[PDB]
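Sequences are here, hints too, so could you generate the full structure?
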Amino acid sequence: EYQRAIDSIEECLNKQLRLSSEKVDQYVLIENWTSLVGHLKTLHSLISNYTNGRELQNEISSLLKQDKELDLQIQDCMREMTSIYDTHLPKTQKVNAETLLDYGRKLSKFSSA
Amino acid sequence: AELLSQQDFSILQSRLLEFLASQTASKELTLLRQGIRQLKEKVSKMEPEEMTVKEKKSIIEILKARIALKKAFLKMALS
Amino acid sequence: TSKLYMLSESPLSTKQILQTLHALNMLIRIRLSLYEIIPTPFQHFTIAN
Amino acid sequence: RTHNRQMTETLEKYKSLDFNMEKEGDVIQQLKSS
Amino acid sequence: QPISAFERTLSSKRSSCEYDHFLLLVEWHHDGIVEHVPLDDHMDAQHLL
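One line per chain: the protein sequences are A, B, C, D and E, in this order.
All letters in the first sequence, in the order written, are residues 2 to 93, 100 to 120 by UniProt numbering.
All letters in the second sequence, in the order written, are residues 12 to 34, 41 to 96 by UniProt numbering.
When we follow UniProt numbering, the leftmost residue of the third sequence carries the number 138, and every step to the right adds one.
When we follow UniProt numbering, the leftmost residue of the fourth sequence carries the number 302, and every step to the right adds one.
When we follow UniProt numbering, the leftmost residue of the fifth sequence carries the number 335, and every step to the right adds one.
Misleading hints may appear alongside valid ones.
As the list claims (entries may be wrong) - Below 30 Å or equal to it, Euclidean Cα-Cα: the simulated DSS-like pairs (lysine-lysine) are:
(1) A:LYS42 / B:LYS81
(2) B:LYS71 / A:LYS66
(3) B:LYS81 / B:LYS71
In case anyone wonders, no lab produced these hints; they're calculated from the structure.
Below, the structure written as structure tokens:
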């Protein structure tokens, strides 16, 4: 709607030039001015609206960044608690050396090339 | 020299006034026409970029509620 | 081929399998808290038994 | 040993032990409100 | 249903808009027109008709 307001401003201007060139009639001309003034007021209210919404939205970006940072802080704390508690799955006779040694030496020829 | 701020609006209005007071051909009018040209190109470069300004306010507030609750919970665990 | 065709001994400690379950649930909590993507309708979850 | 000491100390840092936590969740909601 | 531009900004991490999501809906055709009709989740087909 911006270009429509501004185009209207332009048009009011050129129409005013046209009026002054042709002849002076107080009414026509002052009405032209006050229409132009109304369109200027709508233009302004609209642009102050846009700058307002934009600065609010930048505020949004800063605040969103703040939320992301806080999310990452809770991340870090849970991460560190779960690291410390290392989670493991559960786990799925004594020997006399004599019988051991004899068995191993038996096996020595047969597991060897 | 491009930014679509309030200040360049007030620039426009002052140009208009100065034209009116100046009034075959006009050096003040041609300055005015340069100005409206500039604003026209500034609005042509313009992009709509719209999400609801009311919604904008609401999400500012509920987000701020988020943040306050975040700090509350964090300081809660640290204690 | 052993590991694929291997089969464990048939006893399963039921106290063990509870402790597996605890560690498993607990491990889904781990995952989910640091799982990247939850859909917002899923945002409330229960880590069951 | 090192793991157990680390676990005791990390457990003591964060210790906020409680039951029937719903009461503490809503208490925390009205605390955040104020 | 396309995601709200504002829904997308709010959405973050666990609450995610990134899920592909859609609704069920009805539009009754009329000679030369079409109208979208809200659908109660508890709507008998007779009741709708």
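For the pair supplied as a hint, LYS81 of chain B and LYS71 of chain B, is the alpha-carbon distance within the 30 Å limit?
16 Å, holds
Verify the proposed pairing of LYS42 of chain A with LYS81 of chain B, using a straight-line Cα cut of 30 Å.
Between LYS42 of chain A and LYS81 of chain B the Cα gap is close to 34 Å, so the pair fails against 30 Å, i.e. violated.
Take a quick look at whether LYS71 of chain B and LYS66 of chain A sit within 30 Å of each other, Cα to Cα.
Between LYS71 of chain B and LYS66 of chain A the Cα gap is close to 21 Å, so the pair holds against 30 Å.
Hint check: a violation occurs at hint 1 only; the rest are consistent with the structure.
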